[PDB]
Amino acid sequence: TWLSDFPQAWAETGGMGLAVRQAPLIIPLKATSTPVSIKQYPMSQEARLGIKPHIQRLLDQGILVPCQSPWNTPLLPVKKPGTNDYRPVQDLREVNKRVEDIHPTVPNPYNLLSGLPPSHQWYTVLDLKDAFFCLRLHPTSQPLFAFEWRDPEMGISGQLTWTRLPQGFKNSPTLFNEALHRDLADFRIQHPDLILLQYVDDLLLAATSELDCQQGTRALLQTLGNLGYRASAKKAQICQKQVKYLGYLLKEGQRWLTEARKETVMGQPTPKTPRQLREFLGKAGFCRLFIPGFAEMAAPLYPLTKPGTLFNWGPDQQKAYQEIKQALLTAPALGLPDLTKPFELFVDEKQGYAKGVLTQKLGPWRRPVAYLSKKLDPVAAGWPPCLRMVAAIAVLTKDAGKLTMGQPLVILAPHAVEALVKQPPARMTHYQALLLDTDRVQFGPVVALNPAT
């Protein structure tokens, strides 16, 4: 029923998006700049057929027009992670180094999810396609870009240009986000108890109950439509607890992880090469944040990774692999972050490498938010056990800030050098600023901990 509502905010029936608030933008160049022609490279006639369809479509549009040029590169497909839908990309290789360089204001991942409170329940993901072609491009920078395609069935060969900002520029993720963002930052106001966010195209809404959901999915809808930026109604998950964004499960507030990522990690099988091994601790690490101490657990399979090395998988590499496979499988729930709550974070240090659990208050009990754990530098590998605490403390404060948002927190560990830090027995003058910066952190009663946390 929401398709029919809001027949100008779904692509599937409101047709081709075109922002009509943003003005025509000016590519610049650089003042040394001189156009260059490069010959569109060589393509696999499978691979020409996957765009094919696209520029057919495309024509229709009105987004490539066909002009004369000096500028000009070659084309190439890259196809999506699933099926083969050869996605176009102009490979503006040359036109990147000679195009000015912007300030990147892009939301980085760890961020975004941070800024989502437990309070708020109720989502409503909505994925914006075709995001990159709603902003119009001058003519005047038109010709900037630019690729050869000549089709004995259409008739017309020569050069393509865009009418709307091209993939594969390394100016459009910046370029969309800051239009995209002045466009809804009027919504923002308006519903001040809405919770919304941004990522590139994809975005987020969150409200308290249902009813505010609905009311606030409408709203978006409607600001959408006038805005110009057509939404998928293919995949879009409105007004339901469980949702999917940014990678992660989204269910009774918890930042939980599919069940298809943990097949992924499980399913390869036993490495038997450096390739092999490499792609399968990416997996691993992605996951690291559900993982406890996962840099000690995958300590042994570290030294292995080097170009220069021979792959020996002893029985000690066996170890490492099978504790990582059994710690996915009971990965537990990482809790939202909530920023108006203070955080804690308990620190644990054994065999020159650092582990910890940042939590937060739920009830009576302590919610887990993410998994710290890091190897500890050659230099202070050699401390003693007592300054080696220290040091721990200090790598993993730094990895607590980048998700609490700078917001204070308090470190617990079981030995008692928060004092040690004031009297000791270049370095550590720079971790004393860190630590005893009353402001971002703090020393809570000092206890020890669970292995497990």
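Numbering follows the first chain given and starts at 1. Only the largest set of C-alpha atoms that superpose within 1.5 Å between the two forms is called the rigid core. What changes on going to the form deposited in another entry:
After superposition on the rigid core, the C-alpha displacement between the two forms reaches 2 Å or more for just one residue among 308, 269, 192, 363, namely 363.
Counterpart to the form deposited in one PDB entry, namely the form deposited in another entry:
A single chain, with no partners or molecules, comes next.
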């Protein structure tokens, strides 16, 4: 029934989108930027025949228009990982380098989920289909994105150009972020209670109760409807407690991991080549935050990553692989942090490796915010025990300076070391400034933390 109520917001019924608020935008060029023309690279018979149906339907939507421009880049098909659809890719390699650089105001995935509070339990995730195509392109800057296309079947040759912001452009996520932010800035004012989370094009609205989410949903569908943006009804988790966003599961105000992601890590067989291990370490690097002390767990596999070495899969290596497989099976539920609160950093060391959990108050309990782990730099790892803790607290607190958004936090440790920092019997002076900053750093009561949790 949701599709019926808002015909102006859904892509399956609303048709093509168009930003009716944003003006046409001129894409600037650096001093040495010149209209480089590259001939269309040879393409296979079936390949061309794969993109060809898309061009016909992209012509109907008005996305592709004939033009005569000095700029020209070779089109390139990329077949999907499954079946064969031959998606069209502009391959704007050369033009991407040359276009004037603009700062990437995009929000980093670490910090978006930090803004979600556990109080807002009802979620509604809306995808924005053809997001980059919403913004219109100025006819002065339209000649920039022309690409040579040949279609002898319909006799349509020449260089089609984009009247909207194309994909594969370096400024597209940035130009769309600011453009979308201004339109939704007025919406946030009208509904202070709702929490709107935006990642490039994906928007997530957080509300207190279910009705608020429903009411927010309806209002958002209409605000975006007037603005021209079209939302995908095929993939839109609306008024559901369990939603998936930013590759994470948001259940009961917590950050879980997708079960499909866990299967992939365990699914892979024992790696046999440095490329095989690189795929596994990078894939499981995403899930490093859920596995406390993962750095120590995946310690044996790190030296095997070096380009010059022998890939000897010893029993110790197999033991490290098995630990990660078993660790991901019973991964806990990391809670969502709360900026409007203090943090408690628990630090510990053993054998040159630093490990700890950043936590915040949730009811009477402590909820983990992130599991932080780093290796101690050689000179520090070599020190005796009761000062290796100083370096341990330092590197972990450094990681905090990326999730706490600069909010003040308290540090507790089994050994009182603040007085040692003041009078340690260059780098230490750098350590002194960071550790002694009472505005952001504080030393709490001495206590011993759980060996495992």
